[PDB]
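What follows is a single chain, given as structure tokens, in the form solved without the named molecule.
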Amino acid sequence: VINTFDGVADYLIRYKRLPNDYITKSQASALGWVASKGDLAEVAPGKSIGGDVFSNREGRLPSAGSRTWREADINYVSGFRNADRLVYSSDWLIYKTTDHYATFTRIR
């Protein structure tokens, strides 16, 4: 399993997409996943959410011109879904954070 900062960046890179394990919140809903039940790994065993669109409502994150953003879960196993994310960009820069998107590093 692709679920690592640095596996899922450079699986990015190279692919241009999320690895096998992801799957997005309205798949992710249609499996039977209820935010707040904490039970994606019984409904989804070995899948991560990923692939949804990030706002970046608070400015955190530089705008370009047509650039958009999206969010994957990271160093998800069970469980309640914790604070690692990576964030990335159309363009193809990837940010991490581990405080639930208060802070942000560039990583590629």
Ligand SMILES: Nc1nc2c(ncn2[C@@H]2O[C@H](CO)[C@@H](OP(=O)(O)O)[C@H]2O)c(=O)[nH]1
The other form holds:
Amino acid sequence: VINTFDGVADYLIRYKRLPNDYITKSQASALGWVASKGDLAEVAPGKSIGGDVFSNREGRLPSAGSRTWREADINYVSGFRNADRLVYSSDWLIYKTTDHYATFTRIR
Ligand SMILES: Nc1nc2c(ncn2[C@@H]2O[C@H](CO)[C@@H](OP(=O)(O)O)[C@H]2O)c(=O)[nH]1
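Having displayed the form solved without the named molecule, please output the structure of the form deposited with the named molecule bound.
Below, the chain from earlier opens the complete complex, with every other chain and molecule after it.
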């Protein structure tokens, strides 16, 4: 599937949405996923969580009037979710984090 930093980043720039393998938290919950159970791959085979609002409460990403952020899990396969996320803005800035939003690197 398309679940790498570069693969998802390029698909976002190109189509302005996540690839077909992503589902929001409420979609995942509707399918049987429970936070802490690590069951995502069994209730939603081949799927990853992404598309939900990232608030940027800590102000680690640049802010701009009208700019909002969304996030998506990266390199997920099965089991417990990892700490890899792509965070992407309404104006298409794209940052990666490999430590669950402690630190970011810009890639688009
Ligand atoms: N640190 C931090 N996490 C956030 C913020 N807004 C949303 N989140 C989170 O991003 C997620 C999606 O709403 C959640 O994490 P998660 O990716 O571990 O599920 C969640 O905690 C924020 O402003 N700061």
